[PDB]
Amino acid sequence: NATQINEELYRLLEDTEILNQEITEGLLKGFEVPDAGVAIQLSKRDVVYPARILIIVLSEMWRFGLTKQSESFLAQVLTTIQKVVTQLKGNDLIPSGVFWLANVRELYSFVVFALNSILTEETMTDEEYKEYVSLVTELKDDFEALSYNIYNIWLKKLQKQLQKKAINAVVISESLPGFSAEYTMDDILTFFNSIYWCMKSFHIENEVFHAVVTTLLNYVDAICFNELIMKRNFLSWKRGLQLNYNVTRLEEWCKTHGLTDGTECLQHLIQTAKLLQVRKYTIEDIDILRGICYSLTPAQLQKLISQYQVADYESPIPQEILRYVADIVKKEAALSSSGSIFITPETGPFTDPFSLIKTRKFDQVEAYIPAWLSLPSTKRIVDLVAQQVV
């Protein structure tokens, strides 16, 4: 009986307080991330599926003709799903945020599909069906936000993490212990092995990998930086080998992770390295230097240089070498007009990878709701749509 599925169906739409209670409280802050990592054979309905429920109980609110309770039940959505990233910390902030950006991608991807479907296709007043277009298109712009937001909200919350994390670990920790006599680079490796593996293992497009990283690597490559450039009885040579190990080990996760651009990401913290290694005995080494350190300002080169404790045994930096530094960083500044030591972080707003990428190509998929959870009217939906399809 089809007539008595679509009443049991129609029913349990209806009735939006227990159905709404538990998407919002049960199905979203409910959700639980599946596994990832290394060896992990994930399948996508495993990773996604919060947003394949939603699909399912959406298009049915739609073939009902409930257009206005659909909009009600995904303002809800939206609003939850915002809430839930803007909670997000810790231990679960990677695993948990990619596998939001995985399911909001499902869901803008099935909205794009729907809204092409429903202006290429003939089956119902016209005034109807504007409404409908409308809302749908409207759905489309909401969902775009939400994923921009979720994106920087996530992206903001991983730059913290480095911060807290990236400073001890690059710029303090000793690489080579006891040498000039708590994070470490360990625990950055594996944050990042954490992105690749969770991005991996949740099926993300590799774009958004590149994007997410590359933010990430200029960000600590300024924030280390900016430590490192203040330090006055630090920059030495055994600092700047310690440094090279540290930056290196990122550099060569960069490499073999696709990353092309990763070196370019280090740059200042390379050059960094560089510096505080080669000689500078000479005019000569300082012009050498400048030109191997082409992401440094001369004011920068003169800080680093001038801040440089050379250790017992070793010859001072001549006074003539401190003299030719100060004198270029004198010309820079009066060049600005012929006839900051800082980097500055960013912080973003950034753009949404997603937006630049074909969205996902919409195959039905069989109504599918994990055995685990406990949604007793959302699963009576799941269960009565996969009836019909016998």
Given for the second form:
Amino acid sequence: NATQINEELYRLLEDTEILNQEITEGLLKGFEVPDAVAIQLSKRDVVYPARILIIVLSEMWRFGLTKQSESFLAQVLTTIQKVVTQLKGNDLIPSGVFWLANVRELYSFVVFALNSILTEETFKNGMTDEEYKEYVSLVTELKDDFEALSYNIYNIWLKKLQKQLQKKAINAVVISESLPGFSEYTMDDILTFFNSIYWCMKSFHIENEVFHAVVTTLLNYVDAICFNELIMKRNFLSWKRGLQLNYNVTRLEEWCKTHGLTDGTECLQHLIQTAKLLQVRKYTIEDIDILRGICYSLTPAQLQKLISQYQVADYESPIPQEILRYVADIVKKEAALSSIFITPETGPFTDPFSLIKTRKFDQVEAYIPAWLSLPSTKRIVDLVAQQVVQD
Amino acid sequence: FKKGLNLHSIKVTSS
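With the form deposited without its partner chain already on screen, would you show the form solved in complex with its partner chain?
To see the whole picture, the full complex is given below, headed by that same chain.
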């Protein structure tokens, strides 16, 4: 009956011991990420929990079920953050991105809600100033809540990504050797990593500014840790190794250039300049001044360390003592005018999403994914459809 | 007197 829709629906939204169980344990914790090379996905196949949450929340606000919606959203926030926190392994990149979408979606909705409450005259005019004050306070608090959530999951995810990159890229970039015609992670693993991030953020309709931020952060991180690994290497810094490093770095730069990134070079600067230092001739004082010209991001002390641990090969002229003396004199000169290491950016970072104009919210169609095992939620949505038809 | 908050967020389309 149409006479008993909103009634039953009400009695469904009033029970936050059943609904909370299905939502937090079934929908959120029991989430399934869709398939992303070139695979096209409609926006409805990605942010389905966001859509469902938006439906339940909207219908709760319609019926004035305030405290219940507050508990609901509290447990939802806690659950989402917990889920992102427990992310590990091969699913780190897609799942993360997945949630980064959903949360963002939610945020937009709330913004819209607030922008409806304050702009549209009908709301401020149609109800008491006390109730209006309550709703404004509530919705605002929720907006800030989701802001904080997105910040949290972004920084958590990014920190995890860094924790894996530290485990792969050191050996891949510094130690791994693969040159054309000269004959346990490689550069291909790194490229596969960054490609995973790209295709995931692309197929899941994520704003490119976030991609820019993430990859820039990760690149700077790689640059830092690999440089801090290289400078303490000894019986290792040879011309061949400089060539190899230059090769790997060049691969990364190529990926950046062919995937939108313009500022990919400045991130890897220390490694580039390091390879250049290891490759160029360093036999004359002029060659050293040239080296200073090229390596602008490298400090004189770092130059001294790098040069002093260079490995001269067989049939290669060793670096003169006059040169080393000149280097020490330069370092002394710089001391007359704080460590040789680079401090890696571990976090926290500014949420890139908090710098982008929030997505304009459009009307969500009443739908719940058929493959889910959430009875109450499905009954809710099904009722909501008939409700909208009625209005 | 609570007017409630009916943000018409939800739509329905039939092919």
